[PDB]
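For reference, the chain that follows is the form solved without this ligand, supplied as structure tokens.
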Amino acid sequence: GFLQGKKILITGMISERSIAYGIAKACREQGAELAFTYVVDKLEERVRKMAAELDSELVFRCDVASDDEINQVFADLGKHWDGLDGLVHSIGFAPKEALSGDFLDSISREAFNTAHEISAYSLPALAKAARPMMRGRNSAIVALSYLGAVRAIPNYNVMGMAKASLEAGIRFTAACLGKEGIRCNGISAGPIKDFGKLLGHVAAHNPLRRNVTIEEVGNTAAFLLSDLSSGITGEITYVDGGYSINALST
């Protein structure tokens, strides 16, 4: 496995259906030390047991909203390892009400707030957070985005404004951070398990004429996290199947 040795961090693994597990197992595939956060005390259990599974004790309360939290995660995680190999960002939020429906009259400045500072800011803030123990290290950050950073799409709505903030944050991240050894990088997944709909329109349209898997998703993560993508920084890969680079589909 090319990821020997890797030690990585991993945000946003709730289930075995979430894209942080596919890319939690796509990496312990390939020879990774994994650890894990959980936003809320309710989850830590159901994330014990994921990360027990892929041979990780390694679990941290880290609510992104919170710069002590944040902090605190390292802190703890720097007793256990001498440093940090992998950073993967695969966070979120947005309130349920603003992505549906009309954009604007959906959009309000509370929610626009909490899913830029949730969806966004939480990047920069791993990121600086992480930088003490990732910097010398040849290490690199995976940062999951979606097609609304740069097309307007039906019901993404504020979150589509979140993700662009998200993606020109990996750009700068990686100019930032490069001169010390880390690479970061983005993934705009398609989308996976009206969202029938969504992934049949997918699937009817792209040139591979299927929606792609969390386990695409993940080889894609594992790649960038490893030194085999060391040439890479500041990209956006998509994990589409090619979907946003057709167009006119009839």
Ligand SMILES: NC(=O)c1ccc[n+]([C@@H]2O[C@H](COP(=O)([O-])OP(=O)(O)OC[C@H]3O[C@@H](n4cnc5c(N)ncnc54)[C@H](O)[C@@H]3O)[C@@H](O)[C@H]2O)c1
Contents of the next structure:
Number of protein chains: 4
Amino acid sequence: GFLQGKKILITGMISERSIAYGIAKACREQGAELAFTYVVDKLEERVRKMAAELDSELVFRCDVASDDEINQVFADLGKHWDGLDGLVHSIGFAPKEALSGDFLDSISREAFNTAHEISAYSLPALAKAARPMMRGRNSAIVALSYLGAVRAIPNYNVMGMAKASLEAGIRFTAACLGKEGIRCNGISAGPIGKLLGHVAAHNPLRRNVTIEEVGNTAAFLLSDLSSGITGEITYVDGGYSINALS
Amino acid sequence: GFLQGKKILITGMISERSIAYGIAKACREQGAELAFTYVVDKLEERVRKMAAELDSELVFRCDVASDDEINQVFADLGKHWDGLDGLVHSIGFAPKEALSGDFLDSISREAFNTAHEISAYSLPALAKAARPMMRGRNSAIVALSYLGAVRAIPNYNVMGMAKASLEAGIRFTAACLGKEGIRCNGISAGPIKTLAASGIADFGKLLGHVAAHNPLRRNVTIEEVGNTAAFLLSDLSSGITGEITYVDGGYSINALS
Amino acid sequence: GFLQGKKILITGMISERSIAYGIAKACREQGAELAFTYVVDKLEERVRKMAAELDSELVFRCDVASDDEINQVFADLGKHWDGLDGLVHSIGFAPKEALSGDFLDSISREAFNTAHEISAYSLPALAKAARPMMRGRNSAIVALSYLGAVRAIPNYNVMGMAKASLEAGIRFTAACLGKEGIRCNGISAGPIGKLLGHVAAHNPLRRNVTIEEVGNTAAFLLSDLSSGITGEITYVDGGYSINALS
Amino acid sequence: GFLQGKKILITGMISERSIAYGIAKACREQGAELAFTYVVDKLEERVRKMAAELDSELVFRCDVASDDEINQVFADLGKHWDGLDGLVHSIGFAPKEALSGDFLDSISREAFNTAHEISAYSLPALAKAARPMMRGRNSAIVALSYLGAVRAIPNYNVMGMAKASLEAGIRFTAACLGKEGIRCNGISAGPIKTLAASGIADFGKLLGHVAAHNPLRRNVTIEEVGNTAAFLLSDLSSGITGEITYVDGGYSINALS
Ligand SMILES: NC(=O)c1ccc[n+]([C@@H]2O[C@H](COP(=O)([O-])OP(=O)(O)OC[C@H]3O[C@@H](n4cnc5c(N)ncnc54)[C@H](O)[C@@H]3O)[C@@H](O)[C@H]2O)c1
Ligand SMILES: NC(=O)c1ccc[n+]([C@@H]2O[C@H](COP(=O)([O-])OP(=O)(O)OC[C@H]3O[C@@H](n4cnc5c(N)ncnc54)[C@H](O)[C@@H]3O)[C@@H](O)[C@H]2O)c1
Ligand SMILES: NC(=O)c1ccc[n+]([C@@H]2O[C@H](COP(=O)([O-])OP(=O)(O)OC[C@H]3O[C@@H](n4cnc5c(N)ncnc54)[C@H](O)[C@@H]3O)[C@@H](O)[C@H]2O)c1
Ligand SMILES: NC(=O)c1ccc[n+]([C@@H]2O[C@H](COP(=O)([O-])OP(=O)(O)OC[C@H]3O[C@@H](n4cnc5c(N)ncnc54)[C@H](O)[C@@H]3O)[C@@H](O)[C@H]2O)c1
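Next, report the structure of the form solved in complex with this ligand; the form solved without this ligand has already been given.
Next comes the full complex, and the chain you just saw is listed first.
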């Protein structure tokens, strides 16, 4: 496995449908040792169960709204691990009412603030707090984005602005940390209900992508095989974004 | 002029170095009738004076931190104008300390929040509040962005994230309002010496570097940005929406120069 | 008119449906003085008629396959004009059989060569030959491209490669000539038969663009109003390219 | 390895400095079985020797100027392999004189034609000729591009146009073959000291500049490019097609550094 020896912290795994679960599974198959965060105490048992199945008992509460909690994750993780080789950002949130219907009607200041804070600021926040553990290790950060960053899409609305902020965050983080041996890259994943049918009917592959396909791309981006790649957004959408008038 | 009789609301004009002043002047030269906002009471006299020189006495206070103030602008403007043909977003802010040195060291939650709220959310916020006055008119919105949206750049730091959010905001606003006959476009301007620009550490170096490295071998002017905005606000650009146009003398498309 | 005093050479005007005609009309409405090329002697009378309606009697034969003919246009034009303020490239060609069906089946070496030579090399070829007349005048070049440069599109096939070469040509020409006061920009126009219905149903404006809308954008890019813009591809497609999953 | 038993044809390997050698080595480390092409008879011995070290004795002459030769490669390869899982395009050329100084002065019709034919048409030409052997296998194609596709760069000149054509070729090939289970992706590599690179005037300056200005503060290696290619040739990347991946240490996304 090309992640043998790599210690990787994975955020956002709340079920076996999660993109973060696909990533966790892919990484574990390549020999990585894993740790996980969970947003609220309600989910602890569920995440520990999933973690145990991936041979891990390193599970920490982390609401990225809280600087204290973010920093506490690494303080706790540092008691088990000498350093951190991989960091997976697979976290996004916006109020449901902002993700429906007319873009301007659905938007509000508070929804904008929440979306950006949780979905975009969380990348640099986590990179900043992880920096002591990651620097000098030839380590890597991977974050999940979506086509809404660069195209107007129905319903995605304010989340598109937040993903754009995120992708820029990826570039600035990469430029910031490259000299000290930390890479930062993004994956823009295809959708994973009629929207699914649209993508599958319109993309070069004529099908939707899987969490395994996203997961394997993340595993690659977290490994030394991708050591020449930083500040990149890789599209795992079966070529959807590069097709038009299909 | 190609904006003859078009009614245009311009934000962000605080001096004759302002990009918004360049835009205002360009629009007025093409026959537009103008109105202006100003962020705080301390600037009112200055902005009224500048407005008067551009043949306008429609001036309104607007801190885009405040939904009350944003919406009040259009309630007040509506007493004078039956509709609005143009809206110019030329507003940005981030705490100075976040715009200097190492990206992660300089960033904070609060600075991120402020930068995005003032510099990015303000676009849809203004479009939303202007929508009743603009819809059904073949009207247009223009906002100012910067290369930090799409490239990592020293010192610009968290503002780059905010500009990226803004540019996506431009696309989503365009997609949202196109059916109602309102267009929304961006201009990514090259560096220009303005009050806000002096907030960025080592700005004079960015300016010197661009002039030495762009195809035109010089920096752009507020007039050049202004004329591009005037075009994007006019019916001449009626086939263009959701676009970011680079007015940077070709800097962004050059490398290893 | 914002093109008063501007002398502009326009290629590719073969009918009043031509994008080049829209450009010519738009430019003339803003006060420009025009000249025209035509590819073959068969079209001379038609183009002279159109030119006369746009108040011009400066019409020259030019097959861009021929260096001699390209250079001869400027030798002849130079007897009437002191300099050249605007150059409009609105020329594209590929064999019809390469523009239908499966991309690889439809392609051939000869079709590729022809498409690129006529549709892409013609930009630098014309810029090169115009350079003595255009330099130091604060002049401008505009070329027409299409979404096939940057997206895979059905049927457009090898022309997509040629347009990509063209757009890169625009950037390299802009970088080359900027110091001597010549700008070079592109317009990526929307389509102008079911494809039309698709774009009109899917773009932000919910309609197709007109030759007038393309023409006015060209007029702007040829004027001093756009003096801060070079090496740019401006999309006049009603926002189609920036929309997805619509 | 993640390419265990995958059969991969590699073009463009003429020395151990070649990007194609880096790719070949990376693929072989992951269990792939390899075959190689060489442009002229004068290089045959060298390429056979290199191939033998990568456990291969499948070596074929192919000048991509010739449709006969391109198609003959697959006719000959088909005697040994029942199908093809991977195809690597690592070939480029333009006359030296077109790669030096002023873009327009240096360009000519003939140089343009040659550059595009050898460097861009060769991708679809090879994909087309490989199609019967590759279809229905979940196979993959990888081609090498450079930043000149999307930025104006000194000296690269007409090659930039050719690389742009190539990248569009990658997208069109991907859209064409996806239904048959063949993927097609590109790698835009940072500058690397190779035989072909020495064709570009002032290449050593491009190399020095990139290392001083990219996020990683160093140039990339053929191993880094090679491992990315191996990934793109494998089932691990089965969700990726029509993509240009930048292996340049983040150079293209940095500005004003
Ligand atoms: N599924 C898709 O179609 C798709 C496509 C592209 C990108 N993405 C992105 O991938 C990422 C993962 O989403 P998913 O599709 O696996 O959905 P998911 O619900 O499985 O995962 C989203 C995760 O974000 C976490 N989260 C939300 N608020 C948080 C907070 N305050 N602190 C910490 N964690 C918080 C949730 O707990 C959840 O585990 C998201 O960033 C999403 O935008 C998803
Ligand atoms: N000058 C440059 O180099 C440059 C380049 C590209 C883009 N821009 C952008 O152009 C726009 C205008 O900036 P400028 O360069 O003319 O500087 P400027 O200082 O003249 O204008 C900035 C304006 O933003 C306004 N503003 C700040 N906070 C506000 C708030 N809470 N409410 C309302 N208004 C507020 C200021 O009052 C000021 O009028 C900004 O979006 C900036 O990011 C500037
Ligand atoms: N109509 C569209 O949908 C559309 C959209 C985007 C871009 N474009 C581009 O706009 C340009 C103009 O095309 P159009 O749509 O007006 O079609 P058109 O047929 O009106 O114009 C194409 C012109 O190219 C000229 N041409 C062809 N071969 C030539 C040669 N060897 N020498 C000189 N001239 C030659 C033709 O004579 C013709 O006048 C083309 O480059 C085209 O690709 C068209
Ligand atoms: N070295 C770099 O800095 C760099 C960076 C990005 C991309 N690239 C690209 O990588 C690819 C490989 O180049 P490299 O850097 O390994 O140089 P190289 O000299 O090792 O390889 C170039 C190859 O192209 C082959 N070639 C040239 N003309 C040919 C023809 N008519 N038929 C068949 N093959 C032919 C040569 O024989 C040689 O094997 C090229 O596409 C190049 O443009 C190189």
